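The data below hold one chain only, encoded as structure tokens and taken in the form deposited in one PDB entry.
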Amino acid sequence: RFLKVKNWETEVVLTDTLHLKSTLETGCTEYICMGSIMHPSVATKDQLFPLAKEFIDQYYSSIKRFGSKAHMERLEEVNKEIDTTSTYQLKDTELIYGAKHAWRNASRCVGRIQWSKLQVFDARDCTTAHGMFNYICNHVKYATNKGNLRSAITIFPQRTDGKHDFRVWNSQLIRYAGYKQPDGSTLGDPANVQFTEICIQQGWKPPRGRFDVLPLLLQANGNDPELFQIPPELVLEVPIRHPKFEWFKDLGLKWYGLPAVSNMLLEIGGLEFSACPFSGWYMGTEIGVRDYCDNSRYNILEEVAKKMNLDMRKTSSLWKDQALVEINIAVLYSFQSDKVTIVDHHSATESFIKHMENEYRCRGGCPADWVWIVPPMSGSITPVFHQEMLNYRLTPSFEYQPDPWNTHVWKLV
């Protein structure tokens, strides 16, 4: 069986075989598509070995050693660990291969042309939150590279019984605080108000500014999470100015240079790495500075539209569209000026099409979530919009996982 995807702009047709090797649900059924559902839906010995066999088989396939004496001994060595300890341990080579291929397999990620150049930090000897703070600080310093950003992941110890989990409670490593005000207004980032309250409650003393870098909330071995302040010299930041509007800088805006997802789960061969913060660089449109509040009533969108003298009465003036472009121009120009890595949504989508076609040639396909590959603006004038895409779940993978404050059973009285 062979499935085809067409590009309705170029007429190119790619033939997908890789989809034959997927295994877990998309969420869709034969009669319902869930393509626009965000989340649609501890291992025993008998579940774990088929999964381990799967991953090991594919790793040894990837290094042209399938069936080799080294392959069969590894499989036997894994079987013994699982039989003895109800789990097993990845070699360093397998950990690297697996983390790299989880990114390769991430169908919602447009930046995968870079997947093979991922720096993997093995943190499976970490035992304490302080060690997590040490590992994470070294990640940040390395990834940031004085603005010449570099992809990296840091992998903390895997799940055991589910009661000794390692978790980064932050959703990203660097985010700005959000405070809801008595009058209902919001200071800082509205997207982070709930996590900020958790931190304040844990004892964090909030500066109550507008761009307060949140503290790290780190959990080792299933213990209560602990607060740590990232050293400010390690948080690279870009003041936002517009190349044409000299007034734009006066909005007072900045963003952090390094995007670093820390709340997802890395699954390799049936092992779950509940803390695996990974970082790349931004596509321009991801930066949500739009949702800040300049005054007590207006968005940065509304404020930018105001200062542009836009007719903000009727929607059909497209003032919201107009201001959105300008904010994105400013974000891109600002990063580029400060020589901090960033990619515009045109450059990223074009490279993704090149990557997708090359993945079909060497790999037999490339799972892709069109709902997520298409940028949040100017969708149809980017090349992915007319690109058909097949979505399926390959493993290794990154997976969503519950927020730790909904499941953590608190230790100390």
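Numbering follows the first chain given and starts at 1. For the two forms, the rigid core is made up of the largest set of C-alpha atoms that agree within 1.5 Å on superposition. Compared with the form deposited in another entry:
Considering 295, 93, 128, 229, one residue stands apart with a C-alpha shift of at least 2 Å between the two forms following superposition on the core, and it is 295.
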The other form holds:
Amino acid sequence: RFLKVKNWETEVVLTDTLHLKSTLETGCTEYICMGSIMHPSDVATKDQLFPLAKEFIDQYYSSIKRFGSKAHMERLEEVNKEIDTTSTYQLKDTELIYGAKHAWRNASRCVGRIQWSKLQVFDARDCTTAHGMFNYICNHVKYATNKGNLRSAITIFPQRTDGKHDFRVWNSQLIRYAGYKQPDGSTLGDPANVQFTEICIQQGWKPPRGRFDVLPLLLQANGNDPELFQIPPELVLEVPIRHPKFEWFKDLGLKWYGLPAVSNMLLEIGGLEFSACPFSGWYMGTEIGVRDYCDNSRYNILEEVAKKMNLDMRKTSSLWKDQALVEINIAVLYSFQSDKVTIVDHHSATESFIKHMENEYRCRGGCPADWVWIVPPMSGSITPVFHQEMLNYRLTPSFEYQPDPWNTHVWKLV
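Okay, that one was the form deposited in one PDB entry. Can I see the form deposited in another entry too?
Below you will find a single chain and nothing else.
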């Protein structure tokens, strides 16, 4: 079977055969579509792990034109011995790099995947303690940041064993700003991080209580209680936000960090689960300008910005929110570009994703993609992805969601 997708702007039609390889569930049924559900849908047994390992080893050896080779067949037998004797197995370095790259290649919600094959993989599977995790993360940050010339990277900590010895980064990203609920109901800093800020304070973090405090790392090794570490400030690259035309913009006192580094997801490769695998790229401007700064539940600066623009805020039909939103996103891109910190605007990024998708259809037989996430949160239909039909399905290796660790961790101290 084949499935066709069409671009209604260009009338290009692409043919998807890759979906036949898909694995788990989308959440949809034959009679209900759950395409807009954010999160739809203890550890594996010996019998569950065998076919998962085989499928991955088979696809790795197919990718390197050695399917059926002597090395293919011996690797399969070796993997089987490990599962039989130890109930799990260990990836070779080559397979770990391949697995990490393809989890990114398969991330249907990521618009930046044209870069998937240029990913720096830091093998941190020898780590045993939170102090070790801190060291590996500092090196990751320093390498990825590269003085503003940002480089994609992932650091992979020991895989899950019995489920009782998980490695976890408790932060949702390596670098985020704290949030503080005030007695009067207002919020200082990032409202999204109020709860995680509370957890850090309880663990002994002494907060400066400002609007852009870089949070400490909260690191869990081997299922032990997590521990606090301050990222050395010289490794946190930040950009003060100014506007090329409104000289008053800098008086907003806005800044942001340069490195987007997701640290709460789970990396699954051949049935193995890497519960701590922080990865980073570089920003698309709308992540900051639209979501971080203008979500009502976030820094929520639209009112303040429109006021300084003297816009008429009496009625919605004046589109004052729309006008202010554009200017804010102009300033974000101008600021990063001026400080020579890597950033991509939504027009350039969506254009590259369409080229990526077409190449993937030609060379791989498809490209799973989540339209709801791929279309930027402003100016949707003037980007080419809006007009692009997409098919969403789950391939493995994959990045997955997992519960927040504080909802499952059982504490040990006193």
